[PDB]
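Read the single chain below, which is given as structure tokens and is the form solved without ligand ZVN.
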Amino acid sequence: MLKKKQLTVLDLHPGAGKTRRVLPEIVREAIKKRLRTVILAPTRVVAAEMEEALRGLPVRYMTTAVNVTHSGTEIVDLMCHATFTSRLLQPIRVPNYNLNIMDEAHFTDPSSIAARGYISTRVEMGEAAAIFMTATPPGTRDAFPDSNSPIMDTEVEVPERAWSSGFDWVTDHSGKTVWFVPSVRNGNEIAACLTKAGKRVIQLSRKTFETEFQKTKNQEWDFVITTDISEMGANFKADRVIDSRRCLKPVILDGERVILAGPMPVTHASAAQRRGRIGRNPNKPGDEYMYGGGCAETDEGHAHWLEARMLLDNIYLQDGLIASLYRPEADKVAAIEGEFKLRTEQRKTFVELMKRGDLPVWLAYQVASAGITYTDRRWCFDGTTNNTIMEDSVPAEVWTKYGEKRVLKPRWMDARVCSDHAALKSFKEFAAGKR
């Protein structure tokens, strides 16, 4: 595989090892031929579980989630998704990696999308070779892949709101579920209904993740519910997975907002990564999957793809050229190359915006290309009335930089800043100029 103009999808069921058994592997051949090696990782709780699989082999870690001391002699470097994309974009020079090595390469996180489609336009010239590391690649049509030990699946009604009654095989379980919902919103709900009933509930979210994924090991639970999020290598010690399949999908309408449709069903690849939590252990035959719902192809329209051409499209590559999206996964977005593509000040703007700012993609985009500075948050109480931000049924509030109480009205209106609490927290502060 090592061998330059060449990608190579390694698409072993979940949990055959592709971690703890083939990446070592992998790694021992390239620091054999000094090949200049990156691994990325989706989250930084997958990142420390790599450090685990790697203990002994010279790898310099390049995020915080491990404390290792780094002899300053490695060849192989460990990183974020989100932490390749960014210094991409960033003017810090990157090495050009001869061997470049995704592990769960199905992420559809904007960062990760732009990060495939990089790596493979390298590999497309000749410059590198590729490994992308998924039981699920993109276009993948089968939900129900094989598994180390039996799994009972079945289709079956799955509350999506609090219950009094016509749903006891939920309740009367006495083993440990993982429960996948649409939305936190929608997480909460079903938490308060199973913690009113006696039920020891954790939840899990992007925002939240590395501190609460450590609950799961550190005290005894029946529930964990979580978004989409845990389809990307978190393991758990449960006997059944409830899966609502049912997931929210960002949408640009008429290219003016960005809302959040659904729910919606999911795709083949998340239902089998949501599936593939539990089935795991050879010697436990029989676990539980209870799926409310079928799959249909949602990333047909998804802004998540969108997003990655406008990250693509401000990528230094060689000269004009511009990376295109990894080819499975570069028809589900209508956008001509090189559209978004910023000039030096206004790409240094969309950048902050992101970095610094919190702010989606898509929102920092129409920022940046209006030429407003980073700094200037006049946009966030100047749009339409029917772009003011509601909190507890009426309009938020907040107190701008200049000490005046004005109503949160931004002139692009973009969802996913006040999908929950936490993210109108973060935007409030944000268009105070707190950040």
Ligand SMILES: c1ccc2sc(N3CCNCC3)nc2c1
Second form
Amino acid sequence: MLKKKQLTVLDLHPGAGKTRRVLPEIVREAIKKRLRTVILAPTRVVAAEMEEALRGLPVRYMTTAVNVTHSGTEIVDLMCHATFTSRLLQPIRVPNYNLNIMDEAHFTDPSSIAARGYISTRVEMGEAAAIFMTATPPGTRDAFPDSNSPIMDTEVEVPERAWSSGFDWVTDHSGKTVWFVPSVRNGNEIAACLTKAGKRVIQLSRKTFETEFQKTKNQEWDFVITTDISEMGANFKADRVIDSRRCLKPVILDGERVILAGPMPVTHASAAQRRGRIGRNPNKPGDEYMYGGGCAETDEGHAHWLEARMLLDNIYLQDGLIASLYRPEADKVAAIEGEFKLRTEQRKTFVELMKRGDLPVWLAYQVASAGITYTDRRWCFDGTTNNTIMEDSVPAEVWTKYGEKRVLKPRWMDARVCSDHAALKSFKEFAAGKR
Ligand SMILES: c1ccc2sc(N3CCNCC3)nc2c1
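To test you: the structure above is the form solved without ligand ZVN. What is the structure of the form deposited with ligand ZVN bound?
The next block holds the full complex; its first chain is the one shown before.
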């Protein structure tokens, strides 16, 4: 697998041992052949599990999630998918890795899709080798793959709001359940209902993931309410998965705004990953998987694939060449390669709005391409009246950096800056000039 111009898809079923058994064997062989190697982890939680599997081997951990003292003589680097893409965009020097290993390579966040595009292009050019590790490669149509022990699959109506009656099976269970919901707000309602019935509930989402995941190990729980982030290697000691089979989808309308469409069906890859949290112990047969809807290919037209092209158009590859998306996922977006390429100064603004501003890729692009500088926030208040952001059924308001109270009305509206309480609080701080 380690020879140039070759990209291998390691598609062993979930729990077949890709991370704890296969990955260290590959790393040993790469060190023996003096291949400059990069290992890409989706989250800091997976990066911690990888250190445990690779203990003793010389690996340079480019993250604060691991507390290790490096020798300085490591030729294997380990970082998150987002860190790799961010370093490529920034003026920092990134080595031309001979071997590129991506764990949980199904991750659909814009930075992950961009990393897959960059790596597969280098492989197509004959410069590097690559290994993509996932049970669900792009375009998979099987939502019920193999497992370490048999699973009981049941199609059933799953509540998406609080309930008083009609779903006794949910609360009559005496084990641990992981429940996948389409949004943070929907998880809040279901968590409140379960807490009122006497259940101990933990909630997980993108922003709270590392902090709250530790609670699944440190304390006793009955239910874990999670968004789609738990599809990326999160391991639980549970006996049941309740899957609404629904997700939200960011959609760019008329090329001028982003809305959060849905809830709508998940892809087969997401359903199989959600089901894959159980049936992992060969000594425990009969874990349950209750699903409340069907699958569909809802990644077509999803804004993350357009955002990945915005990222790839601003990454240097060779002279005027631009990396293409990984071939099995390149048709998810209708886009012209190079159409998002920015000049040096606007590109720096684009990077700072994403890194420091913490804004979505699409929104950072509209601001930077309009010739606006990072600290200029006049655009957060000069949009049309239909762009007014609402908080508790009344327009959201902030004190501008000038000391003036104004209604939040951005020139470009992206639903992700106000999808929950935490998101709107962070966007208000940005509009006020606080970061
Ligand atoms: C050794 C060599 C280079 C880097 S960059 C880095 N970080 C950058 C961003 N993520 C957190 C830490 N850590 C190292 C360690």
